[PDB]
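Asker: The lines below spell out each chain.
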Amino acid sequence: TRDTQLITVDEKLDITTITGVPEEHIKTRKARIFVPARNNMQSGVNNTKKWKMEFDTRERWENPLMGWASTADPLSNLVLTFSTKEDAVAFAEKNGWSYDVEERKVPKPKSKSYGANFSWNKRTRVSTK
Amino acid sequence: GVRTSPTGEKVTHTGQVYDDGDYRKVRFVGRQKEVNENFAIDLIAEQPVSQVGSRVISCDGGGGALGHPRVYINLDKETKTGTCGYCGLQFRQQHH
Amino acid sequence: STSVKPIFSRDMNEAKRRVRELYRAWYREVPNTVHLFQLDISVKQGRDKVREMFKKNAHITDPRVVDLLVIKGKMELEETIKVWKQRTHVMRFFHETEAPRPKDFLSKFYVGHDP
Amino acid sequence: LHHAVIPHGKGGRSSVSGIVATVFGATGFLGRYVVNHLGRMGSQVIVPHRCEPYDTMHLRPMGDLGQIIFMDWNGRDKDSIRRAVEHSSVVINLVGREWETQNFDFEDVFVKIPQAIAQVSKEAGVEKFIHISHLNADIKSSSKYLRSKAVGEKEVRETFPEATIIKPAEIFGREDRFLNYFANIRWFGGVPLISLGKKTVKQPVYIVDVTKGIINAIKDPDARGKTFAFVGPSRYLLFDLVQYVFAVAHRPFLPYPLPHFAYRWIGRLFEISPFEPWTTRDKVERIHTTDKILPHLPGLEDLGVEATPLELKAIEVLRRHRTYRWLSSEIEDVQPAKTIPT
Amino acid sequence: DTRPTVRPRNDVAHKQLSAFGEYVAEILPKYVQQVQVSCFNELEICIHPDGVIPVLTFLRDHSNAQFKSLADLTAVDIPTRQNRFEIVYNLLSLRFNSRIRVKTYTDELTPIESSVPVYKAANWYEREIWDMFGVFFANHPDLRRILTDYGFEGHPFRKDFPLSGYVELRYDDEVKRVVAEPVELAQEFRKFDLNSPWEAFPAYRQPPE
Amino acid sequence: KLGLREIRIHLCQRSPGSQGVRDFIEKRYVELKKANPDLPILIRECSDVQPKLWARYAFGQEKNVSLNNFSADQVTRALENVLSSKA
Amino acid sequence: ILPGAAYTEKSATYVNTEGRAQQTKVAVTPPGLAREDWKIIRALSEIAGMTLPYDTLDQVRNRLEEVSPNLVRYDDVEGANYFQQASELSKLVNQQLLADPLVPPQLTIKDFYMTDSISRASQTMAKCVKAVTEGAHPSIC
Ligand SMILES: NC(=O)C1=CN([C@@H]2O[C@H](COP(=O)(O)OP(=O)(O)OC[C@H]3O[C@@H](n4cnc5c(N)ncnc54)[C@H](OP(=O)(O)O)[C@@H]3O)[C@@H](O)[C@H]2O)C=CC1
Ligand SMILES: [Zn+2]
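Line by line, the protein sequences give chains Q, R, W, P, C, S and G. Sequential numbering of the first sequence, starting at 5, is according to the entry's author numbering. Sequential numbering of the second sequence, starting at 1, is according to the entry's author numbering. Sequential numbering of the third sequence, starting at 13, is according to the entry's author numbering. Sequential numbering of the fourth sequence, starting at 1, is according to the entry's author numbering. Sequential numbering of the fifth sequence, starting at 6, is according to the entry's author numbering. Sequential numbering of the sixth sequence, starting at 12, is according to the entry's author numbering. Read in order, the letters of the seventh sequence correspond to residues 560 to 696, 701 to 704 in the entry's author numbering.
Treat the hints as calculated values from the structure; they're not laboratory data. Cβ atoms here follow ideal geometry from the backbone N, Cα and C, with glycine treated the same way. Mixed in with the good hints, there may be bad ones.
Covered stretches of chain C (in silico footprint by chain W; criterion: 3 or more residues with CB under 8 angstroms from a CB of chain W, positions within the stretch not fixed) [said to hold, decoys possible]: (1) 108–122; (2) 150–156; (3) 178–187.
No more than 25 angstroms apart at the CA atoms, straight line, and that leaves these computed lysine-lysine pairs for DSS-like [said to hold, decoys possible]: (4) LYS120(W) / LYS219(P); (5) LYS181(C) / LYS10(P); (6) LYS94(W) / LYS181(C); (7) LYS54(Q) / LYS98(Q); (8) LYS120(W) / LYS34(Q).
Not the full set, but computed from the structure, chain Q residues with beta-carbon under 8 angstroms of chain P [to be verified]: (9) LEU10; (10) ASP14; (11) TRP65; (12) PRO68; (13) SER74; (14) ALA76.
The whole structure should be built from the sequences, with the hints applied where relevant.
Answerer: And the structure:
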């Protein structure tokens, strides 16, 4: 066993005071924990295998000089990747953020028969091939 | 070509012009507004339509490797000219 | 599940001894900071800022988190004493160039979309 | 106030405050703080300057890219004034001089230039006009500076009725002519004072207080057509105010009375300088003029600004005037001056 | 092995490092948790954080190890783990002309034993880890910020720290000073989603769900 | 006016702690609606919710009475305490 | 006229035809001085002296849980029962059916491209309607 002379601490992990984040960005925020949806323009499913944590979108305005998109939100480009939902929830509660969790959406298994394309008495017969 | 809105500010080739009440015009007071006077839309329209005796013609933009990727253009449709998607040159089929 | 290596303290009683010790060190160093840095504030203002910073973290009950706060606070004191900080860094605790942001719902409603 | 003039951001340097301001006389004392505050919130500032561009350089950091625009103007050229205000929603007039030059008299800069700017602003459709008068302005003063201020304050009302006229007292700050003027008297041994400074009462105000009041007047819609009196929280005797100045600076204080006529003759001698005069006959009158008590005019508190006491912000102005022996002396070392309770 | 565009594979070194990996594990079963050799012939020893001093001291002093140069010490932040941080030691052996990697872990609140007694080079590397990651090292001579500004709040290299930070500096003329204010960007940093939705390397595929 | 303006009944479709309210609705709601034709009686069923009876009076005043583990007869008596007092 | 936010500019709850509660997410902020719809009423209540008891979106959704708990069960369909009770109460009053036949308001696809403020303000829906009535009477890249 260990010989580091451990101690017992029984209280929820909380590091909001030592992360250095300002107050306005710990209490007014809302972290969305979700599995990204498939980009419908493609068939690949490799981007829908890890959980992500993105924050709520704040104001973007137009730079008066060049018309660029200006922001005052330091967390507008912050995306974190987690292997599991419980890992994401643990990180959110550790840093004091409020979070909403979206349960994973998995495509349901489907019965696909090529022989149904040519059916004697069913509407699945295809008029073209 | 380069136009001028009622306030006298030249309109760019992208159609940009500050309105009468726009304070951002103040940036040109004592200076000039840089407008390119060689409108591409006008110049490309000056080029003649080339006559080609084939269904399919190819354009690389001229110059070979100094042009654009070589694409092939279909000329079957007789009610319009075939246009290159990179350089804008037009082609037509000789008497169909 | 609850067994963890401590940093310096084994319980809050041991951790609060370091906190009070740190407050004494900061309390005695404000008069010199206002002197060496030629700050245009008074000792009362500076010592009230030290008290404010300690009060922000008065809701902590984890001896390991308190130890980090004391360790971080001790590093801040070291820089001030040795004049590694400049007048700009010391005066960054006061936010003298920021207009006071609104706190009530109506004031925030008028000026923007933030909660 | 079309789409481009709708506020955006969180009041930072890269935000859009919706303010398009033309600040005349922005290269001086009260003009560097106004531009600084306007550019802190992301305002479009037009800065028409008469001087060399080298003297406008301290104003360039005060705004994000493209926010501070510099134009060249002439007080007697009505076309230059129009180029600098026709795109602005608020015009701020800070033009002034504490002396008279060969080319511009007191009534040229306090009566004619203020009236020319006001007229062109109204003809150009400007919505807000802010004019800085003086607290002690009246037609029957001993100073042309104050006599001309009263006249100018009246021409502006007749030309721009919705103007917001502000009447500050003597302003103390870093680049000021009030606390620095008294401290620099040490070169001449003693400190002359008319009646030994026992019959003059002054109520100086802080530069940031005046700067925050002007900004608030722009954003407050009820400040139109209302005359404000920006004064400090405490009234002092000139002898006590100057004595406190030499106490903070730790310089020997050797006052001696001087007849009013004698102080004018001395001032006449200093006026011959072809550069910024050290003192003029007009400054002597202004320094020894009791600050008016105008209870009928709204003050700083009516614009949401808490007047800063002189004591809290006098060391920052006068620490520069101390020797190495007394540079490090703390704020809490000099006892505060004696105030005149109501 | 004649293919011009494919890196040649050195199997002699792969064998030698695997043998030395078992050698270390057999000698230090109390701390060694995992040993592996990459396809490019690099050896990694994964240890319990309580074995930082024993494991490093053995590798530095042992006759058949003689890892007398600390090439680098660094941390990696992986938020998905309970112990989000991963302290990495790279050691160089001049006698045997070989390199080894020692890896451990810690969370935000658990201290890690300082390596200064073994390698003096670790003095400044551990300040960087504390500065840029917030990992506390016990028994360090002088633990301070080494790279960030004075009074800087936050540990930048944490994955949850924003790229542009929370504060920015400018010169303010009113206070004749350099001041810090909340960050505002004239042009926001544009975030690109570049990952292809098609798997690139089947050999590294993970078991489903 | 101090009269009643709305009644809302919250209950779960399966929990044993909401059986009384379900018994009330299955047999008595039809009668209590015919006796109060112009009184909105909202019956909102969720999953795993403690039963409650909300009563919104004039000018936004709302009072709620917990109906957890109540029998079919207490629920009937609880409503009568709301449709009669009109506080 | 009090400007508000569109569905792409607020985090708002909509219940579809099957009783499923779902919430939008803020994509872009409202254009100019426009504000979130529930904040305008909250601001109006405070000025009128009848301040509502919620200041933040999470508190407004707590109120929704009071009025109808199903409104805060996102992506969940809560079964509704008591069809028998509805049938009984429906037979108390006997209304007659008008002789006029049932005719949906949208007979053809040209009635489908414009049904609300957003679609009637769209220049693509205006092209679609023109395309399905007048027909198709230059794409290169
Ligand atoms: N003690 C005080 O400071 C008081 C100030 N005021 C008033 O506030 C305003 C500014 O005061 P302050 O900043 O202290 O004085 P400054 O001398 O520091 O500023 C004067 C400004 O006005 C310009 N100016 C002067 N004459 C002309 C002219 N003929 N043509 C064009 N510009 C001219 C100057 O331009 P440039 O520098 O390029 O030559 C400069 O920008 C003035 O109206 C003043 O009367 C009123 C009460 C108290
Ligand atoms: Zn081409």
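Asker: All hints, please: hold or fail.
Answerer: Here is how each hint holds up against the structure:
1. 108–122: Our answer is that it holds, as 3 residues pass the Cβ test (under 8 angstroms) against chain W, meeting three.
2. 150–156: Satisfied; 4 residues make the cut.
3. 178–187: This one holds; 8 residues, not fewer than the three required, reach chain W with a Cβ under 8 angstroms.
4. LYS120(W) / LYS219(P): Between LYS120(W) and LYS219(P) the Cα gap is close to 16 angstroms, so the pair holds against 25 angstroms.
5. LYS181(C) / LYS10(P): Holds, at roughly 23 angstroms.
6. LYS94(W) / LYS181(C): Judged against 25 angstroms, a Cα distance of about 23 angstroms means the pair holds.
7. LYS54(Q) / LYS98(Q): Since the Cα atoms of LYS54(Q) and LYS98(Q) sit roughly 20 angstroms apart, the hinted pair holds (cutoff 25 angstroms).
8. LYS120(W) / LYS34(Q): holds, 18 angstroms
9. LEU10: With a closest approach of 46 angstroms, the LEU10(Q) hint is violated.
10. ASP14: violated, 40 angstroms
11. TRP65: Status holds, d = 3 angstroms.
12. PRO68: holds, 6 angstroms
13. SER74: holds, 5 angstroms
14. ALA76: Cβ of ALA76(Q) sits 4 angstroms from chain P, so the hint holds.
Violated hints for the displayed structure, listed by number in ascending order: 9 and 10.
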